[PDB]
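Encoded as structure tokens, the structure appears first; notes follow it.
A single protein chain has been omitted from the complex, and every remaining protein chain is retained in its original position.
We call the chains A, B and C, going by the order they appear; numbering starts again at 1 in every chain.
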Amino acid sequence: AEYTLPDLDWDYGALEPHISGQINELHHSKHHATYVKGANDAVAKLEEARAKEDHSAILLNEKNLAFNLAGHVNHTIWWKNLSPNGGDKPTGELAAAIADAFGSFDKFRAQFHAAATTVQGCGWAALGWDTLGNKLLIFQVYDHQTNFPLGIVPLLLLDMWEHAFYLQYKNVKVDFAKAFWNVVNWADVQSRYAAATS
Amino acid sequence: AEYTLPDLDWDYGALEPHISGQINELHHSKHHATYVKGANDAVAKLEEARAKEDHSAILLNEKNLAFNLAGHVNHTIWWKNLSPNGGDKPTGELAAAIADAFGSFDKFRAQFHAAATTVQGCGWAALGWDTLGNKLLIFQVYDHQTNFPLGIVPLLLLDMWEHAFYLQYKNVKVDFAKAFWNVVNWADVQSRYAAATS
Amino acid sequence: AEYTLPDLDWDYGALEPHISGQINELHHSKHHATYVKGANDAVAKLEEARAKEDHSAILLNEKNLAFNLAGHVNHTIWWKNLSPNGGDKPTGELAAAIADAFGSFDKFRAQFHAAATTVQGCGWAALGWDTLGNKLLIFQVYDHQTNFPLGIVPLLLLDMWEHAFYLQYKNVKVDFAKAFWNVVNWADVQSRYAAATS
Partner (left out) sequence: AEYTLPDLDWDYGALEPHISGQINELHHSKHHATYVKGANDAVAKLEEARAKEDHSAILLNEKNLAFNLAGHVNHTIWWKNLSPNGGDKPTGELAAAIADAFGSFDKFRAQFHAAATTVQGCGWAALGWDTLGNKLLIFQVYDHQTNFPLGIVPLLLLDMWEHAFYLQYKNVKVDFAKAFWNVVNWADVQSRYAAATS
């Protein structure tokens, strides 16, 4: 069936002071909603293109599909990676994993921070699981659909687009990137890692 | 552990006339080998960057990692998607799936062909499974790591980079794209779809 | 010599209500300043790379140079394309040009608006002069350095990055894009066109 805008497991304001409610609100209700509509439209244009046997606009239809489905997939996971009762550090299996792959939770965290704060333009920082080599790796995503291999399982993401913090942090994206660690919902990531490693 | 250059399940020449042995040879032994080395180097630079607590070159390290791990992941699957005893059409579950999502195997195939022949520069055509919406979709990949959402499971790919056919088809990439249907190994794709839908 | 942050020909607030002073301020003093420093650093890294005969990081040095020199070049022109005493329509040579190349100033303006409001991620809308074919064309720039040919002379640009309007228009980028027409400084564009056509 169609793609749909998910419900947050919390109130927009629940993340203050780390993330203003106004942000979460426009983010969810305007930005994410827009991707979901775009993903569905893209899918429909394809059907219509397929029926008329007219792929003249294949390049645009395929690019619209990737961009919008990618924004949807990303925000879908972002809402879950966040939580008012989170913060602290990972635990158990996930933590031993992380320390074994990035030397220590602190070192993982320095890299991830680096990756999110150096994007040239808009993008995200994401931790994922590589199934080919069975390794935990950090990628620097450009926009929403660029810079990472096919089949990588996403575990944790940090939205670096300006719409994600300009209202509250203005140009100080380094601050926003630090504040994030207070709202990460480790029960989710841990969960995702468990499923990915199965 | 490290990433490694896989072995082909066939002899380089096994695909003639559809795909010259000389191609398969340079492709596997030179191009793919290069990605695998690059993927391992990228991974190491990260470790070294992590130890020195020096992420000054984060952008390059992350981009090298995505590009090379992506070429590796892609060729890894390409070798399996090919077979001297393939061709024909998909069967069973996969075929009903394909006809249900693209109207008919013929229509799927017209779209896929369109997607591979219109790349602007180098890229690939790929069929993948979207887990968010549980749908079969075709994407037009740019280079190796661009244009598609995170977490998409790759099922079938068609290498559109010039190195994949210039020696034999020269600039006639439309011909190469047609010849491909004779060597697709449907037992593999079908297999992948089965695992993806589980 | 080095690259330097130019002075605005006006006060930050001079564009209200169309463009808030707070924006112009962070935009000029934080964002643009950052590109200028980055452009100079990029240039230096190259010298140092050239002296040591060590181009191991060529890809990053070249990408840093393009990104930062491009942001600098872009904002440099943006400040000039804006003016408190502007608005209205182009005049003389430029206007006949524009109507002859886009049918009418109104049609040019519909296209330009379309180009700026559909960027996927961050970018700009720019009108430039193609010297090869001697034509006026509109391009949709991605980020700061992507999507247009070498040697194109830039005449007018509209910054579509979120930092350019999020504080005041929030996610309503369509509004910001309309408000812009009130502050365009046609004496500048006209001037640039004159020099480009010489």
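We adopt the following convention: contacts are C-beta pairs under 8 Å (C-beta built on N, C-alpha and C of every residue); 3 or more make two chains touch, one makes a residue touch a chain.
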Taking the complete complex into account, tell me which visible chains touch the one left out. A, B, C
Checked against the full complex, the residue among B:8, B:101 or B:122 that touches the missing chain is B:122
Sole contact to the chain not displayed, among C:24, C:83 or C:145: C:145
Which residue, C:8, C:33, C:49 or C:179, contacts the hidden chain when the whole complex is considered? C:49
Missing-chain contacts mapped onto chain A: 57, 59-60, 63-64
Where the missing chain touches chain C, by residue: 1, 3, 39, 43, 46-47, 49-51, 53, 55, 58-59, 62-63, 65-66, 69-70, 72-74, 76, 102-103, 107, 110-111, 114-115, 118, 120, 126, 128, 130, 132-133, 135, 137-142, 144-154, 157
What chain B residues would touch the chain not displayed? 26, 30-31, 63, 67, 120-122, 142-144, 161-163, 166-167, 170-171
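By our rule, only the chains that are shown with their structure count from here on.
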Averaged-CA centre spacing for the pair chain C and chain B, given as whole angstrom: 38
Centre-to-centre distance between chain B and chain A (centres being mean Cα positions), rounded to whole Å: 24
Using Cα averages as centroids, what's the distance between chain A and chain C in whole Å? 29
Which chain A residues sit where two or more other chains touch them? 63, 120, 142, 144
